[PDB]
Amino acid sequence: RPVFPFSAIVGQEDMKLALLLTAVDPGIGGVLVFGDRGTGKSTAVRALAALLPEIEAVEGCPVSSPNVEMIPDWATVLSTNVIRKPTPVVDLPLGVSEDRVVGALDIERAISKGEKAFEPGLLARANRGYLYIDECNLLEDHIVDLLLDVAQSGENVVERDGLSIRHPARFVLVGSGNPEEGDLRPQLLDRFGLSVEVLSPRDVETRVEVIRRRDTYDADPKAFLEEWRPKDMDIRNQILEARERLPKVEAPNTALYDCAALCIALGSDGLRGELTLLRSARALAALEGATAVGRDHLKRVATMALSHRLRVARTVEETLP
Amino acid sequence: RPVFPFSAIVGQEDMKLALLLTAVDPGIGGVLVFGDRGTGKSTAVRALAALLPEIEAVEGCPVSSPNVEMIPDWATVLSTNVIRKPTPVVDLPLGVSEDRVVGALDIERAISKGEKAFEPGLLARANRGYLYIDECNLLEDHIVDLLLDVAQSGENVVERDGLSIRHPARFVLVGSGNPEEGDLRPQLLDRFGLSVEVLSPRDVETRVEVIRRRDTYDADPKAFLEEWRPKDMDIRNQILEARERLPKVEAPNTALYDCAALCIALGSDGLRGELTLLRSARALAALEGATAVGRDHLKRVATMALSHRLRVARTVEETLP
Amino acid sequence: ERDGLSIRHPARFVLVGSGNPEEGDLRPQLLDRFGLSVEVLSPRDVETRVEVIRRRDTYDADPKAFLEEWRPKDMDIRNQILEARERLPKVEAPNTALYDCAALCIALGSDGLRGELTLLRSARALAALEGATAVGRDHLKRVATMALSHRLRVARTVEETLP
Numbered sequence: 018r019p020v021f022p023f024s025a026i027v028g029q030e031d032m033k034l035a036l037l038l039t040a041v042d043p044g045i046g047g048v049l050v051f052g053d054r055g056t057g058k059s060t061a062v063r064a065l066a067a068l069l070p071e072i073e074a075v076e077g078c079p080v081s082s083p084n085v086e087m088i089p090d091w092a093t094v095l096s097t098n099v100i101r102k103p104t105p106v107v108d109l110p111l112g113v114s115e116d117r118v119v120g121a122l123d124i125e126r127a128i129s130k131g132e133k134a135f136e137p138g139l140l141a142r143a144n145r146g147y148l149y150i151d152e153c154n155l156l157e158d159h160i161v162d163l164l165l166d167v168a169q170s171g172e173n174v175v176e177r178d179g180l181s182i183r184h185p186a187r188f189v190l191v192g193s194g195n196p197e198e199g200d201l202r203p204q205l206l207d208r209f210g211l212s213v214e215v216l217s218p219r220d221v222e223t224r225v226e227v228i229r230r231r232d233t234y235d236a237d238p239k240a241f242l243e244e245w246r247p248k249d250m251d252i253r254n255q256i257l258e259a260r261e262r263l264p265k266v267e268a269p270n271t272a273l274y275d276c277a278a279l280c281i282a283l284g285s286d287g288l289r290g291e292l293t294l295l296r297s298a299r300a301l302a303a304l305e306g307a308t309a310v311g312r313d314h315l316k317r318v319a320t321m322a323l324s325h326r327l328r341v342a343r344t345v346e347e348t349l350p
Numbered sequence: 018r019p020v021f022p023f024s025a026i027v028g029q030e031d032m033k034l035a036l037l038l039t040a041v042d043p044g045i046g047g048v049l050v051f052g053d054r055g056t057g058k059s060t061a062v063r064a065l066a067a068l069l070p071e072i073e074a075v076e077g078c079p080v081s082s083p084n085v086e087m088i089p090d091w092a093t094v095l096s097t098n099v100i101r102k103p104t105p106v107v108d109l110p111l112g113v114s115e116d117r118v119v120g121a122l123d124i125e126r127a128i129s130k131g132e133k134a135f136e137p138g139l140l141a142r143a144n145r146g147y148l149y150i151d152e153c154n155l156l157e158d159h160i161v162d163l164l165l166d167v168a169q170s171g172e173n174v175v176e177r178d179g180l181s182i183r184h185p186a187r188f189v190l191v192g193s194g195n196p197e198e199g200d201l202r203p204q205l206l207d208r209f210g211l212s213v214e215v216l217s218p219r220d221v222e223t224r225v226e227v228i229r230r231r232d233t234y235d236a237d238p239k240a241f242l243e244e245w246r247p248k249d250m251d252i253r254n255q256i257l258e259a260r261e262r263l264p265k266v267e268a269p270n271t272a273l274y275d276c277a278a279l280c281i282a283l284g285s286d287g288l289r290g291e292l293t294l295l296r297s298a299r300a301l302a303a304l305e306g307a308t309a310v311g312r313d314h315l316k317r318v319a320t321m322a323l324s325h326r327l328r341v342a343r344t345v346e347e348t349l350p
Numbered sequence: 176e177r178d179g180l181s182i183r184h185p186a187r188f189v190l191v192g193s194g195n196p197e198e199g200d201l202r203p204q205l206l207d208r209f210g211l212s213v214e215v216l217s218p219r220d221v222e223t224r225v226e227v228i229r230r231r232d233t234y235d236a237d238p239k240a241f242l243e244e245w246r247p248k249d250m251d252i253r254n255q256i257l258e259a260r261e262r263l264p265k266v267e268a269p270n271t272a273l274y275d276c277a278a279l280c281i282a283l284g285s286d287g288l289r290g291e292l293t294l295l296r297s298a299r300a301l302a303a304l305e306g307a308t309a310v311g312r313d314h315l316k317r318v319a320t321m322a323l324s325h326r327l328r341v342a343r344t345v346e347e348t349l350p
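Protein chains in written order, with PDB author numbering: chain G, 18 to 328, 341 to 350; chain H, 18 to 328, 341 to 350; chain L, 176 to 328, 341 to 350.
Hints in this document: simulated from the structure, not taken from any laboratory. Do not take every clue at face value.
Listed below are the simulated DMTMM-like cross-link pairs for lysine to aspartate or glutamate, each with C-alpha atoms no more than 20 Å apart in a straight line [as the list claims (entries may be wrong)]:
1. H:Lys-130 x G:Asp-90
2. G:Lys-130 x H:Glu-125
3. G:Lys-265 x H:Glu-71
4. G:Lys-239 x L:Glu-347
From just these sequences and the hints, can you work out the full model?
In structure tokens form, the structure reads like this:
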């Protein structure tokens, strides 16, 4: 499908790299995509994510469970048609009402349906996909918090109204926002997974490229869909190996050392960051088409996983070449 | 999912061993963790669940009974798949209704099928695991009390409205909250046998160790605890020093113990009753000039303080003369 | 034809678009679709003024006399309309300009106007970058593949209607 890999580009690598890594492991965290919205972030997301194997799931099912046996009682979807559908991407609007985000339970509907009274909130209809947050900065703190953990753990908690409504929510939180607004809640910023480094200059050509792929996709004459599909699968293949190596470490007396050294030297210490960096870096090799371990992997992910917090410096390369 | 290394957590020459003790036996008492928010109390609790071997239990089942033969009547287990799954740890947020805590019960659903009308509450999904508490200080009395006894006994008693609803709830209760609000309910200290905190080393020592085991993250369960094993002695000493003088100060057959026992041994929930008894008894003792509020005085005021909120039917004398 | 119910009925009428002179760079599509862009010449001098009073007061019944004296003026009015048509196809050349832009939307599964405005703007912006003084149909269709799609039921057609 119309995806824009690393075939030819010198700039927006961070964007792709981050969104791909999170697609592998959700434990990384929400991708804090810096930069303005004019860059057409959502546009890129609604193309890049197409590489992922079109998920198998019930037709109009919000959570889109594969088999009917995994459909939550409230989601009594009559059309139990298990079909193939592309990666769902929902653009989280700025200033969205928290209740509308997760869902609610109407009183009238409740007394006449019970659990069936649950409203299909945004996240409820964004499972197994991507959630593009416009701006994490100019937004309610509690909204960011909720979204961050939901994406982390994996449950769209709707314990409100009068029932403990809940259901899985495994999705990639694309937390977009401006470069910086004013040290807004560093605690939440740390919780984020990777972030597109703003300090590094980028090309402009990617703009036209993305726009063209946006056009040549919707109602594509069976051209761009096929062409890229093989590559889509190739990447997916490596993604499997990444997860296989996720709970393992090929070279202990290497990855652990270099990783910790970088974090400490840059002063960007923090269990949350460190342990995540060590994982993302290893999984990174999948996108590179390599084994797993590699110093430069740690270095690259460092200038992403650390970037979204204080105590960071360009010393990355200078610390450990 | 990626978890933080429980052993390697920054210091914590208290919380760690405390949680381990309760893992052997929950009867020891609830784990009361002092300290501020930065201590990361919840982190430790959940981190332990990671190292704890996946408990054997049915797939689609809240209480997660090992064998299908132990499934509660009211329950409706579909997937009777006995498999392995991580230790269940649920956080109890402040403000949650008692309904969602123990279990919900709809009236319309009741008349339809009272048996399958009882919805499994949060505690049901915490059986054979750990239940974390929010700000126990500000949390409702009836909530804290209920949680305490349930963890103590082992059964989530919901014998109300005639329906003798019940189900296993063998879990470890971890009481959280700020250091101290202002002369809070003493009963907490009594029932929370493991009143520890979270020692946070400012100096190096552990700091370096954390980074190393977080980055590389070794797989050897042995090496995961080896270096930390010695510290258990220090922690043990802390606990010993407390027990060494507890019975001396809070002498049995008097003090908080008996006060709480009286309420629990009678037809009533708890806590709120105990607080009333303690206050009145202390006030009376002051007039009597009795420095030590003996059981006699506790029972004396109980005949009034409890009666107007407790189903009196003798017992008191038979339990505590 | 909405909500499944294919409701329909004759509506053979003449549409008279009114409004103030100009608000500020309004939707150009109006000028295209409104083939008869005229006004209301208001004579300050006498001439008609006297005629009005006379035919308003007495108000004759003869349909012929009602138009007779006014028949000659149709020539002048006609000239006005002719002068426009004389150069319209020259400026707004067919197979390009507003015509095709509006046609694309109407020839597809969507209502209109709001779509056309989106197409025109994007196409013009692109043309500026291309340096193409005249926004050719090719560019119009190019942007249409995105501008319309997210608000129009795309099912080919475009090429078959306007290559």
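Cross-check of the supplied hints:
1. Between the alpha carbons of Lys-130 (chain H) and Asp-90 (chain G) the distance comes to roughly 17 Å, so the proposed pair stays at or under 20 Å and holds.
2. Between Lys-130 (chain G) and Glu-125 (chain H) the CA atoms are separated by roughly 10 Å; this keeps the pair inside 20 Å, and the hint holds.
3. A hinted pair counts as satisfied when its Cα atoms are at most 20 Å apart, and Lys-265 (chain G) with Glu-71 (chain H) qualifies at roughly 18 Å.
4. With a C-alpha separation of about 18 Å, the suggested pair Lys-239 (chain G) and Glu-347 (chain L) falls inside the 20 Å cut-off, and the hint holds.
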